[PDB]
Each structure stands twice: as structure tokens, then as C-alpha cells.
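K.L.:
Residue-level listing of the chains:
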Amino acid sequence: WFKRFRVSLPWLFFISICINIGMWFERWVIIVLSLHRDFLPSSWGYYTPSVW
Amino acid sequence: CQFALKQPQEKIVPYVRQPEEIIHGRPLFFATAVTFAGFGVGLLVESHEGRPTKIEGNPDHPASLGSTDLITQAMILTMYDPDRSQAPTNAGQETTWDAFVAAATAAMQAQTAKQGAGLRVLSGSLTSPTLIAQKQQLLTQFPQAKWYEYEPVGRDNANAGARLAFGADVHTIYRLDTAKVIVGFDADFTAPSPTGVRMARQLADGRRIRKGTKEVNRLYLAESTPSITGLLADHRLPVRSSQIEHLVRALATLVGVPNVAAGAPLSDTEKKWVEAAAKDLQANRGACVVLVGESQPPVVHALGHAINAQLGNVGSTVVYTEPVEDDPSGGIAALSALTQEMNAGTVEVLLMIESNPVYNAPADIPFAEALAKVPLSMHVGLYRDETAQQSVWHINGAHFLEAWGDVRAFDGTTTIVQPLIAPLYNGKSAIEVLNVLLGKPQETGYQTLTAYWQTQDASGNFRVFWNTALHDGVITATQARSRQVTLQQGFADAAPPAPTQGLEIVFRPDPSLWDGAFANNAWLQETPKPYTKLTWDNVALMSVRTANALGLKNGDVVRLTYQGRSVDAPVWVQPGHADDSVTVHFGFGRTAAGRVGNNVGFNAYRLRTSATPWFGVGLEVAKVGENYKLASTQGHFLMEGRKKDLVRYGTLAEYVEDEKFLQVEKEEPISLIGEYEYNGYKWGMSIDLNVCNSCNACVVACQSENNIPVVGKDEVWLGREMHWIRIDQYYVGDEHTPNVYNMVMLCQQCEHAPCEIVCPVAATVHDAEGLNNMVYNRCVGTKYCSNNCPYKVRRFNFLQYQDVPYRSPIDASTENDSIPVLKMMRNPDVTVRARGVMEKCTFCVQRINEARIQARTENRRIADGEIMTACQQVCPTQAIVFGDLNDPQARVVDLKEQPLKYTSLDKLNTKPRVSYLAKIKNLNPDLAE
Ligand code: SF4
Ligand code: SF4
Ligand code: SF4
Ligand code: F3S
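Top line first, the protein sequences correspond to chains C and B. Residues in the first sequence are numbered consecutively from 368, following the authors' numbering. Residues in the second sequence are numbered consecutively from 78, following the authors' numbering.
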């Protein structure tokens, strides 16, 4: 919102890091956080991602 | 990854001389039986072309009225197990069979100068008439020889408590056709026990809730460990298992039994349970039963008959008969009697037939070290058990689908064990082994079997009897006749001891793995244990109260030290369990089971005592572990407010007053997505969750039938178990004493299937018959369908799940190489899925297609009972009912009209084709609150 944190590239580069990581967690909230606990509580997983 | 421009030149080998009965492409069911505990179960096995493929119950047999057990179902993998013994071993070195007869008959001639003094035998509690009759020839040809019967789980107390209360020994036959009130203390009778299938159906036949039912069994259970009887139990009470022995003494004083002399005051809530039960047994006296499990001491089984005969159950419900087994005075006391004889070097020829006591020893009877103190110790077992590692000889086993033998079920109905196949490896069963000891080696098993039954058949001809005995299996001519009893009183005059304080380890057989004789069976191991959905692990179950006291979690690794012996076991908190007590599972840690049960830890046999072999109060837990895998399939064990979509429960107190009291009245839901008509066969299923006691026999029946692959424990903990049908415990409320309900979950075959609109290549489509067709070949492994499936029934072949306990699935050098022995247990009309292919409960299309095509060939329609799915005709309780919905006189369309009928997740209009029935559980007025 503030031009102080937009023209200043170290902040725009830190906010962009915080969005690329943040918008990855949105795709994790939408997919895994909504799949691992759904209908039928007897089908609740966790998905710790493997090394691959 | 297999690839080729053309599939290889598949060969078509015909017979060399085709039998007059084998039509290629047709099941040709046989009629055999299986010695579970010496008693028969009466099978009816699918013999495709010589080889068996699928084990089913013989509807004419009393021990299994058309439905099988959990162990009994997966014993087609135990046969087609590549770890089965393939040749005899002389002192570990593999040798031939005819070399054993050379050194076994040389030992008989060395045991003939001496009048058969060192020819002890360690068979396990056999009831086979032809094996009894050869035991008789062995004990008169060698008069001083002895035959010690040792089964680690068998009737050690119930047979020693029967003669403790009656004088001579009797064999009780409980009947639940007429039993309105069951009070079974520690009675796991709907268990893998020999009468488990019948006592599950006869108990379920009492709780068949319908449009107008008003009277239902009650089943007060009183058991320390939550068991598959506690699901059907309407008042289960978590008891310490040291109070049971004087919880029956309290019931035997309310019911009037003269000299019980009860002691050790019970509780505020265990006493309220024993007044309400006794006030319920005094009513409906003739139609009731007081069962007693095996864990209890013999004085409790003596009181189990002191109450049954006091309520007039003799002749009506409890029937005492001649003992079916040969000697009931064997077991833990006969194993110690032989071990004290193997010490000092009295034993010279020790044929351990099937007992495997080097593993099954109670750790006080030192059989491991008493062995090798004998010069010649044989063994005839299908697996090279921990005895074969230490015994000199080891004859191959000849698994019951390869052996010409017989059994004798409960009530004495003998069943000729009928070999479907000739033994894959040279068998030499227990009858073909005693022929070596008797001195008639070249005389096969079938020769002695008829040489005994020609004597026992005095009525009419033989081929009109023998083939009728082989056709039905059930001979039902040796029915164990009744016996007048006396019930000599005063057996309870001995005062009960001072109640000992401390945590109690209660020894229990594992539902799935009974006594470790089936530990290499990958099917009944991957199968989740009933209450705790663990698969490949033996655990120390504790109640939530008696683990928050020790500060324990679901993953720690405790060191159970009971009377000097430590075991280093995991821990799994079980809500229904009892306070200050842990349980154990019999038969897991086997050093030489094979490649499947080779290191599944926590051998619980090394904690027993042979004086407290089923429960003891001298345990010190003292956690020494931090984290363990504990692969369980379920996940959340709580009905998270999602009743009306999960198993709906109620009580008969509010079912007689309003039949439709849990059927929610909802309007016709709007559906934009068209509507299709199924004018053909409308294949539907109606599960009755009121009687689903989580026997897990339907879980294996879908594995034996649908070629479902076993998965390793490393990949079940990742939630990748292949199980098209699963039973779901849900533990509603009061985590110290929770009621537990099952909703056996399979593919609902939704008419508006959401898992179909989401397959990009259109693999999973619906049918004109009305069931979701999973096509395993068009499946590119997108795996999206499960994410749209509301029930998450669809299971995905993530890796090459095939022969997984025999080849770790995380490899690919052998993922196209198949075990040749395992290729025979697979169903020849179900696709053996490759990797990257989703699967689901297909209503057994392999049975619908082969029957519809047989119907269209004969220009007729499908009969109501002609298409039984694999999980329908294996469920002992007959919960699952599958059939045509368009046929108006069908047992499903007359079962989907019940007031309890509901479908899972009807808030999203999938139109599920399976329709569960609610769990009405007949609460007592003066016991509930
Ligand atoms: S439905 Fe499944 S769990 Fe229930 S009794 Fe039948 S086989 Fe056992
Ligand atoms: S219940 Fe699940 S697997 Fe069966 S048709 Fe519906 S979405 Fe597919
Ligand atoms: S119908 Fe057959 S394949 Fe489907 S869940 Fe039941 S047993 Fe398994
Ligand atoms: S969505 Fe499609 S292709 Fe295969 S596994 Fe699932 S079906």
C-alpha cells in the first residue's frame, strides 16, 4: 500500500519472497489441508511430503 | 516399466488327460474343512482347475452356515505362500522324504525293544476322527508312548472347568437361536473360536431389526479388552479381568447358587452391571445363557455352568455332550508334563505335529532348551517354524487344501477334509506322518482315511456314503450325543484371594493372527485389527485413564516387565479398555515365520507364566521408547458430529415408540445432472450395521476374491492400504467407557457418482446395471477420482503393489517378475492391477458377470440368491445383503424399506447404492442411567 515499501526494492523483493512462499501455502491449504480431513473421519491422512 | 511392440507369445497348454469334471472357465466348488483348533469349520472352496482359488463357507455345515472366519478366509494365502516348506530338512540340511522314513522307521525299531517309552508326540488339540484313531494305534503298538496335546489358546480352562464342575469331562454347545439375554464374562464367542461363525450368526439372528421387531438379544459382555463381541454387546463393561473371576461369583449369588461364597467387592458400576444382568437372567430363564471366555480360570467356567444349569439352560440353550476332542486334559499342563520329560533325557522320538511350542511356550516351560536334549525330534508343519530351526527333522506340512484328512466340528459333525489340489510340494500331512511311525509308510492318507471310515460306516454301502460324505462335506452321522450331568457343588467353596493391586497384563490371542500359526499370512496381517486399526504391529493397549497415569501416548515403546521377563513393546491407547490393565496380542514376534511375519515385533508369548497364562497382576510398564510407526488404517476414531452420515445409532427404547426416529425427513434434492434409468438388475446392497461386529472377514474376502495386493507396513502408515472394504470404529463419547459402532465402508456405487465425472480419460464410468465400473486398464493414474470420492473408498496402486511382503514395493528391478506360487491364489477373473491404477469395491463384477452371462446363456433371469458378493457370503453375521433392486421379491428391496435404512452422505446427492441399517442396541431400563 505504501510507496515507501514499493519503490524500495529490498522491501519489494522481500514481499515478493513472502508472496511466492505465501501463495505456495495457499495451494497447500486448498489442496492438502482440505483433503486430509474431509467427510468420513475414518479417511483422514496427513501427507508428510517425501524427499522425492 | 514394461514395454513391447507386441505382447509375448502367450501359450495355451491344455490338459494331457482332461478330467470328466473340469470345464475350463468354471469354478467347480469343492467341500472341505479346516482344523482351526482341532475343530472343523466346513469350507466350500473354489477349485478352478485342480487348484483352489477362493475359500467359502459350506452352507450345510454347523460351524459355518455359509460364511467363513477371518483366519479361515485368508488361509488360501497360507497355502500359496512361497515361504511354505518345500522339502524336509535333516538337522537344517535339506533332505528327501524317503530319507526321513529311513531314519524314522529305524527309530521305531529302536523304540520297540523298549516298549515305546520315548515316543512322545506334541500335536495340538486334535479332534480329527482318523487322527484320533491313528493316535489309538500308536498308543497300543507302543503302550508307554504318550500324546501330549498343546494348543496355546485352546480350551485349557473351559475343559478343566467342565470336569471341575461336573466330574467327568463334557463339551458344552451353546445355542443362541433361543437366547434373549446373553451374559458372557470375557466371552469372545463371536471370535475366531471354533464356534465363532455360528455364535455370530445365531447372535445376529436375534438382533435382526425389521419394520416390526420388538425383542432383541442384550449380550452383557464384561471384558477387559475391547473385542469383536463388544461391538454386538449392548452393555459392555471394562473390567480388570481380575474382577471377572469374582464378578461371576457376584452373579452366581444373585442367581441362587448355594455355595459360591463370593468375595472381593466389585465396584459402584460393575456391581450395577451385575444386578441388572442377574435381574435379566432370572427373567426369560429358559432362553438365556451365561457364557465365559477362555481367559478366565477353571473355577469361573465351573460357575459358568453353575449359573446356566440354575437358570434352566440345560437342554434348551447349553447342551453338554461327549468331548469332541480326544483328551481335554491337555494344553499348558501337558506341555509342561512333556518338557519335564524332555529334561533328564526320557524322550527319544518327539514328533511335534503342528503345535510349534518353541515359539508358543509360556516362557516358564523351557521348551526351547529342553529341545535338542532329545536324539530325534521330528516336525510336520507347513512353515519352517521356530521348532524347525531347532528340531532335527522337519516334514513338510500339507496344508489342509492338499491333505486327505478329516475334522470333527463342534457337536461332533465330522467333515472329510478334501484335497482340492495335489500338494504343491510333497506334503506328507499328519496322517501321512503317523503312517511312518505306525509302520505303514507307503500307505497314503486317502488309503487310511477310508480304511477307518469303512469301519465307522455300518449303514448301507460305502460309495453311496463316502461320496455323499465328500459332496456335502458334513457327514452329520457322528453328532456328539447329549450327556446327563450332575453339577457337583462346592467347587467355589475356596475363598477368593486378596485382591492384588497393580497394572495387569491380560494375555489375548490376536483377532487377525490367532496364535502366530498364521503370522506369515500377509492377508490376515495387513487386515486392520478390529478396534485399533493397526496392521503389522503387536501393541500394549491401555485405557486412556491408565496411560495418562503413566504419561503414555499412541506411539511410545514401553518395556512390559511381568515376573522378570521384559518384552519392549509399543503402546496404543484404547478408549474402551479397562483401568490399570494392558492387553497383549498372541503370535507376532516370530524369528522364523518366513518373509512376512519375520520381524513384526513384540512376541507376547515370552511374558506368560503357565500359572497366569491369560492375565496377571504383576506388571511394570516403565516406558523406554519415544516414537514408533504403528501403521493404522483409520486415522480419526471419532464421529466428529457427522452422525446421520456415519453409522447412525439408537436404542430399542426409542425404536418401538418411533420406527423412523433417525431417518431424517428431507425433500427430494434438486439435481441438475439429468437422471438415468436402470431397467436391468439395478444392483444394490443393503448393509445391516446393527450386526457388523468387525470380524474383518469381509476385508479378507474382498482380498481373496479381487486379487487385492498386500501393502507393507511402511506404506500403510502412509495411508496406502489396498482395502476396497473397510470397517470403521467411531467411539462416541466418554473416552473412558465409549460405545463403539461400525460403519463398514465400501464403494457405495453412487448413481450420481462424483468420482466418475472427474476421470480425464473416462476410466471409471457407470453401468447400465447401476454400479460404478472401475476399469483398471484405462486408468492413467491421475488419482483425482479419490479426491472427488466423498467416502475415500477408491484405493490407488501407488507403487507396484504385488507380492509386497515378498518384494519391497519401493524397488523396480523385480516389479514385473511375479512369484509363481502366488499366481495361483489370484482370481482368474479379476484384473491383477499394475502400478498407477485406482481400484474400488466393484460389487464383485467377477461374480455378477459370470452369473448374468450364465443367465443370458440359459435364457433366464438372475435368481435373488444367485449373485452373492464376496463380502456378503463371508460375513458370519450376514450384515451385508447384495441383490437385485428391480426384482421386487428380493432380500434387498425388501431390506431397503426398513425404518433404519439410510445412505452415507445423503446431504450430497450421490444416490449411494449401498444403504446401511442403523445400530439399534437394546439398552436395559435399569442399567443405562
Ligand atoms: S459386514 Fe464385514 S465386519 Fe461386519 S460381520 Fe460381515 S464380514 Fe464382519
Ligand atoms: S462411493 Fe466413491 S468409489 Fe463408489 S461410485 Fe461413489 S465416489 Fe465412486
Ligand atoms: S462387493 Fe466384493 S469387491 Fe466389493 S467390497 Fe464387497 S467383497 Fe469387496
Ligand atoms: S481420475 Fe482418472 S485416469 Fe486413473 S486413478 Fe483416478 S481414474
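Calculated directly from the structure, the hints in this document are not laboratory data. Be aware that one or more of the hints could be misleading.
To be verified - Computed Cβ-Cβ distance ranges for the label pairs, DEER-style:
(1) C:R373 with B:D888: 49 to 55 Å
(2) B:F80 with C:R373: 50 to 56 Å
(3) C:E393 with B:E1006: 45 to 51 Å
(4) C:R404 with B:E927: 46 to 52 Å
(5) B:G810 with C:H403: 58 to 64 Å
(6) C:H403 with B:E734: 38 to 44 Å
(7) C:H403 with B:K83: 41 to 47 Å
As the list claims (entries may be wrong) - Chain C is nowhere near these chain B residues, computed Cβ spacing over 12 Å in every case:
(8) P104
(9) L547
(10) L749
(11) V870
Unchecked claim - If the Cβ cut is set under 7 Å, some of the chain B residues that face chain C in the computed set are:
(12) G712
(13) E792
(14) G796
(15) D805
(16) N865
(17) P867
(18) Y868
(19) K869
(20) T980
(21) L982
In this text, a Cβ means the ideal position worked out from N, Cα and C, and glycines have one as well.
K.L.:
Run the structure past the numbered hints and jot down the numbers of the failing ones, going up.
P.N.:
Structure breaks hints 4, 5, 11, 13, 16 and 20.
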